[PDB]
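**Student:** Chain by chain, the residues:
There are 2 protein chains.
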Amino acid sequence: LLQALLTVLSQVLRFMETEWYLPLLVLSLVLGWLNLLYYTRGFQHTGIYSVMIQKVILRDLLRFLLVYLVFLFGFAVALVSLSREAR
Amino acid sequence: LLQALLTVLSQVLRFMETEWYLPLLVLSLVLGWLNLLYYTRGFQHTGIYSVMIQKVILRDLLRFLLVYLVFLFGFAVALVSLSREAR
Ligand SMILES: NCCOB(c1ccccc1)c1ccccc1
Ligand SMILES: NCCOB(c1ccccc1)c1ccccc1
Numbered sequence: 477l478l479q480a481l482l483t484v485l486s487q488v489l490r491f492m493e494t495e496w497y498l499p500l501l502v503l504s505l506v507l508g509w510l511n512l513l514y515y516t517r518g519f520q521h522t523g524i525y526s527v528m529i530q531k532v533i534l535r536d537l538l539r540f541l542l543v544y545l546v547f548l549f550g551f552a553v554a555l556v557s558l559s560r561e562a563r
Numbered sequence: 477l478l479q480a481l482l483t484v485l486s487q488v489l490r491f492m493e494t495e496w497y498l499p500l501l502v503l504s505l506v507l508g509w510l511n512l513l514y515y516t517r518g519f520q521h522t523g524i525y526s527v528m529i530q531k532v533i534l535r536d537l538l539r540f541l542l543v544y545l546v547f548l549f550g551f552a553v554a555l556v557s558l559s560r561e562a563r
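Note that the protein sequences, when read in sequence, are chains B and A. Per the authors' numbering, the first sequence starts with residue 477, numbered consecutively. Per the authors' numbering, the second sequence starts with residue 477, numbered consecutively.
Next comes chain B alone, as it looks inside the complex:
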């Protein structure tokens, strides 16, 4: 659905000649290629292999990102404030 919405939006933006049509077109291209895993389930070779990604792999990747991004922000604000003074 997202790939379809962005593609429709990108083509709508291209009609209005706004420069932001290209980023949406490129994001649609990235999402569309990633959507090709949906058709791996049609073959026993690729279907069984791609089972153990959504169950465990994809879930725990989100867990690290949320915790890490919070303290990435905490250190980023710390470094900028401390580095504002020159020698």
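Since the hints were made in silico from the structure, they are not lab data. All the pointers check out, no bait thrown in.
The list cannot tell twin chains apart, which means a pair is met if one copy fits it or any two copies do.
With a Cα cut of at most 25 angstroms, we get these calculated SDA-like pairs of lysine to any residue:
1) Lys531 <-> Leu545
2) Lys531 <-> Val543
3) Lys531 <-> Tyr544
4) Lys531 <-> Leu548
5) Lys531 <-> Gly508
Once you've looked at the hints, dock chain A with the ligands against the given chain B.
**Tutor:** Here is chain A with the ligands on its own, set in the frame of chain B:
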């Protein structure tokens, strides 16, 4: 306690206009953000996940650091003495 002590010290230093108040203020900001894990225990979602850090994760990270830092010093002194002579 450390975050409170450094924050009090940093504000005390700021009254005396010493430049070292900023590093203590920034260290307090880093520690204060890290103290936010204490409130993860209030939710079942985050409480159970954050259990397996203090028991095993944090302890063994200290083990590597103490052993590695000793021989980091040993190689550092070795490299400087050996690199003192130019070609
Ligand atoms: N040369 C075709 C190999 O096919 B795959 C495959 C073949 C037999 C059994 C299981 C998998 C495959 C390749 C990449 C990713 C996932 C599966
Ligand atoms: N979108 C909320 C996800 O919540 B977390 C979560 C949800 C259900 C079960 C276990 C944990 C979570 C996220 C990051 C780190 C730790 C836990």
